[PDB]
Amino acid sequence: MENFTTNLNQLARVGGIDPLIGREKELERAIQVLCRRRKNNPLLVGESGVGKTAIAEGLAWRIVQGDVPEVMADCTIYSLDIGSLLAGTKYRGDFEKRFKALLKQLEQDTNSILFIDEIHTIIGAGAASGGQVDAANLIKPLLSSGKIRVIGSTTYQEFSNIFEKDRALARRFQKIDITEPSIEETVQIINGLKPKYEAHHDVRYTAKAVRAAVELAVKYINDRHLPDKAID
Amino acid sequence: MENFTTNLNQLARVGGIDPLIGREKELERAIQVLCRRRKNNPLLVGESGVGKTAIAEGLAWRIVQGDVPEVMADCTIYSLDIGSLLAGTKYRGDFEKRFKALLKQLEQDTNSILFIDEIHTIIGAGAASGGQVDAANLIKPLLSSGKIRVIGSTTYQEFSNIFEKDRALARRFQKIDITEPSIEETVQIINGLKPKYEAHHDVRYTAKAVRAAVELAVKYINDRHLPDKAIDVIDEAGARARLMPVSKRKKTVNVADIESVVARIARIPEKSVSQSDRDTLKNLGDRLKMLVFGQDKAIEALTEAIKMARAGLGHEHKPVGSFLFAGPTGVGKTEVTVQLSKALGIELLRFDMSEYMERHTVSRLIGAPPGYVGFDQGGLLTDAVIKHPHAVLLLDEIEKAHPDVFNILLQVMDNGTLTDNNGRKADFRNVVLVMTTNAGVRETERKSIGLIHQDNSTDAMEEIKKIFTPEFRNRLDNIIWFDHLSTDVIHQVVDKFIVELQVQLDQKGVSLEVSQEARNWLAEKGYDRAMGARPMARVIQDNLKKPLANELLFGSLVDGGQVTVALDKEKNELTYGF
Amino acid sequence: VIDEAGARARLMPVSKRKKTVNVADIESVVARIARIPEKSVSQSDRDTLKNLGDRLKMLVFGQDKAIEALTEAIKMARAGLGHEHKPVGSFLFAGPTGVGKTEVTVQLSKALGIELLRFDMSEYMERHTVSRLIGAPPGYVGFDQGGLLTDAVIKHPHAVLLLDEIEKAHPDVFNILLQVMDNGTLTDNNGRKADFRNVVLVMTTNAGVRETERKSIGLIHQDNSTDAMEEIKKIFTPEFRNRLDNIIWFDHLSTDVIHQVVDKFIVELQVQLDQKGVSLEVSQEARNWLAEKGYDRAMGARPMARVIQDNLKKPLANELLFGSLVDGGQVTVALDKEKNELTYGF
Ligand SMILES: Nc1ncnc2c1ncn2[C@@H]1O[C@@H](COP(=O)(O)OP(=O)(O)OP(O)(O)=S)[C@H](O)[C@H]1O
Ligand SMILES: Nc1ncnc2c1ncn2[C@@H]1O[C@@H](COP(=O)(O)OP(=O)(O)OP(O)(O)=S)[C@H](O)[C@H]1O
Ligand SMILES: Nc1ncnc2c1ncn2[C@@H]1O[C@@H](COP(=O)(O)OP(=O)(O)OP(O)(O)=S)[C@H](O)[C@H]1O
Ligand SMILES: Nc1ncnc2c1ncn2[C@H]1O[C@@H](COP(=O)(O)OP(=O)(O)OP(O)(O)=S)[C@H](O)[C@H]1O
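Chains as they are written, first to last, in PDB author numbering: chain B, 169 to 400; chain C, 169 to 746; chain D, 401 to 746.
Worth flagging that the hints you see were computed from the coordinates, not collected in a lab.
Do not take every clue at face value.
List of simulated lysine-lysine pairs, DSS-like, C-alpha gap at most 27 Å [what the hints assert, rightly or not]: (1) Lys268(B) / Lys258(C); (2) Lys308(B) / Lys343(C); (3) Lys343(B) / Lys387(C).
Required output: the full structure, derived from the provided sequences and hints.
Structure, rendered in structure tokens:
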């Protein structure tokens, strides 16, 4: 994992990620899933611009900031790349060897969670000739056995067409809906995120300006979800 | 085999394998297959989550416990990991150097059995710019010769799309069908497994909690199969309860906790009424009566259906209710539905039936058949109902859709389901279905010919009956015929519209007041029985909004104050201010 | 078959008993391999079949003839006197609305302990939807999805297959059934064959409903059940009709039946209330009143449910939601004579 994943606690420690505001029920539902005896693997599913990663990274942030329970504290969440994981896997046997090594390192850690962001892609990495022997087929038994813990994430147009079809794989994840926040909730996250926009652009925002941005975006912009339409 | 397989007897000895409960027949057949002269290789095939894996490991467990016919005694079952088997095979001959070594050890032992989970994946090992000579080709000669024994495992889909394509390999396995267990069987499986969960979570489950988990999961979770769906309810309730002692809420897992967990998993409420949501329901009718004037029976029908569903005295498997609203234009048919979804805090799914004008447009709602261009789109209706399972579904002007599009609703209203083009089922048991129409109106608005006037009041129903087939009508909860608005209502409507104007003005920072006579005048001026409230909006726009727009745009009202509208008597003209 | 029978016999003297292999052992083995019903003349199934007709008569009231047609087909086939290559039986049910046509089939699969496969024919309007049932040809996008019908009949070879409102599918869809009803098979897009020899096929229809509920012009009214037969004949081609085992015309419900139907619905209500901790008792007079208030010969039984919903369920919903009947209700319903109104409360 040394050259495949990112330690998200390390990013939280250096300010590499934005803070999470609210979403308490989204952070309480995921924690319970991770505590299960078997198949303790939450999957976050939602519409684009709902705030699914704000939840996934927000958890690594809270661990670093100490705002977790007595079961999450002192735990590491690693973010996995697929590109570097497969890059260079020429010669049959290299992909399986590399992947199994990653899985073993996680299995022997026992105190870490792997995060896969584009969870609608680990359904192939095998030989071009087939059959199977890909990242899904090589992971299923550890998810099943409760040996590793992963967090997934996907859209409603990616989990209904490419994730709701592999029945054995889908059975091993617990689906959590992430829904769109309302206006008051959006205003609050803007206030929470605001200091970084203010710093970046050397400006400060009028409190009224923040409310106006949220309400006007709701009234006039039709193809996006809040509060992603307000942040822009 | 040293780093390729796991000795399952060893795992059973150290507690790595959960025990089997039941499945005597499924296991007995496997034993008979393994005792055949040739091709003595059972294959376990079924839906996922039914114990296919549990049975294969379960046998290793029974051998360890000595609970076998003594033909199986002293057999060792090894589990093969394909992932380690191929990991180092970089050079030509390495894959054949490992595969053959393992086979010789198994053949020489003769008591061992190899278990290959997810067997459809052993149809590739070589791929080195060649072909064939893979794991399947190298196994075939031992299986048909009776030298080795293996146990397979696969789901029906994988077995119908992949495994069976190689007929020579397929004829070397003996398929056994493992079916999902019954209610009683599931309860017993959980009762025998619960000590593992109680130990893991430091919880204790009550007897009723176990039964509730099984019966509720069957009723609300339609995605999975037993026992696995019931086991998840139990395990999550356990995991949840273990995070309560943190606030010192040490407890057992009761039925109430099971009910809360199922409600969360299925995204449907149940024991969330004990909350002062009761208050929301209690005065739901009043909030709606303050928005829609008159048409009170329509309001009651909707609130009565909702309360029954919440009380618990609902329909076993039907939408919350299904109503047809019919009547003259501009009287609030659409308005009552829209305000309901807001009052309840739930999504309104709107479909406009004049879009489903032609017969073939029905595929727009449910999706194209396989082999067609829009196949990957899905249906618009079945998708909407999956995204939001608790909702108000409004189909406007259902008297403009294809005379055949009604046949889709027919099955929804009675059974609660609709199947899309991929076989997924939308579940409508938690939605409110409202359809609106002008179907009976044209017929009552007639002038009769003769000396004695006739009563045309029954014609509205005579026309609806001729439009909606009996098999459709007979499954509606009701038909609510809406009335024309009275003049008393108009006064209430005028006040409503004036308030909306006052709000639009408050936003600009100016304030409007209208004397009572000015209001009475507007109300009388715009009344037209034939078109309900829509003309009142037009009269206000013409009399109050136009003057204001010019004062607001060409100074005067621009950043102004008090505008007072009053009626003179001489001309019946209105006054204005600042 | 020979080798498995051998292995089976080899595993007999583990119970001491030694065996040779007779025809009976061969028959047991083949039935297991093929996933079909063995000697049910000595199995508890013999009693299950013996009184199958009564379990169904206690759930669907009246329409005895439909129940009899279904149970004889099952016993006959199970007895060994079956068809060489046809479904267990192929029936078309027709009649006025609001009956148990769709209720006479669902209960059958429950009574027998077997899987009900349901398809809604109203979802097969367009003619190209046939591929939805049997699969896309090679070269097309859904090729790898399989078949909903062809696929369902394989996972469950012993089942009840119900095709609802078969009078709403595009007519070309019926030409698939012509193969199944006569030969017992259907080939999917991978060349695999469905095998319907252990499937009971029931189709239900509303052809002719509009006509049977029509009043004629004249002094004397007619029995229009004949018109429905005339309508069925125009929808289903002769080559289809001549392959059915039966067409069963369901009757209207009489008032004697309604009393039984009302009692049935009240029990369902009592069960829901017991779940809430509240028992319910209803006076016979109140019941007779509900039955008379709701009966309508023309709309079948569905209206009776509506009557119960307004007279008993609504009052209770308020007693349960804005009421102190939580975990304890014991309400009583009786009819007065003065207004014919019902009583309520603990
Ligand atoms: N409660 C919150 N607190 C802080 N940031 C939030 C919160 N909710 C959403 N955000 C998002 O913070 C930034 C990151 O959004 P994301 O979580 O990545 O959306 P997303 O759903 O993950 O995007 P996808 O998965 O690519 S569709 C965006 O500007 C906000 O939408
Ligand atoms: N008779 C039984 N006794 C005890 N546990 C059982 C029994 N049958 C099924 N299970 C459960 O089945 C386990 C889940 O995995 P399995 O269903 O055995 O594997 P599977 O059938 O091959 O499904 P996959 O791995 O998703 S394809 C649960 O942990 C077991 O409790
Ligand atoms: N009884 C009423 N009480 C208050 N406002 C009403 C009433 N009836 C009509 N309106 C007004 O008319 C609404 C326009 O939509 P609807 O009246 O609901 O249209 P409709 O009655 O459904 O008839 P259609 O669809 O035009 S034929 C305005 O939003 C309402 O303010
Ligand atoms: N004769 C009966 N005996 C007992 N229960 C019945 C009877 N008829 C109907 N039911 C019940 O079965 C429910 C489901 O509808 P069905 O009776 O099966 O009507 P149907 O056969 O489906 O024909 P349609 O679709 O209404 S035209 C009814 O709502 C109940 O009243």
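Going down the list of hints, with the structure as the test:
1. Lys268(B) / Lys258(C): Holds, at about 15 Å.
2. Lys308(B) / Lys343(C): 23 Å, holds
3. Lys343(B) / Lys387(C): With Cα atoms ~19 Å apart, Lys343(B) and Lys387(C) stay inside 27 Å; holds.
Comparing the model with each numbered hint stated earlier shows that all of them hold.
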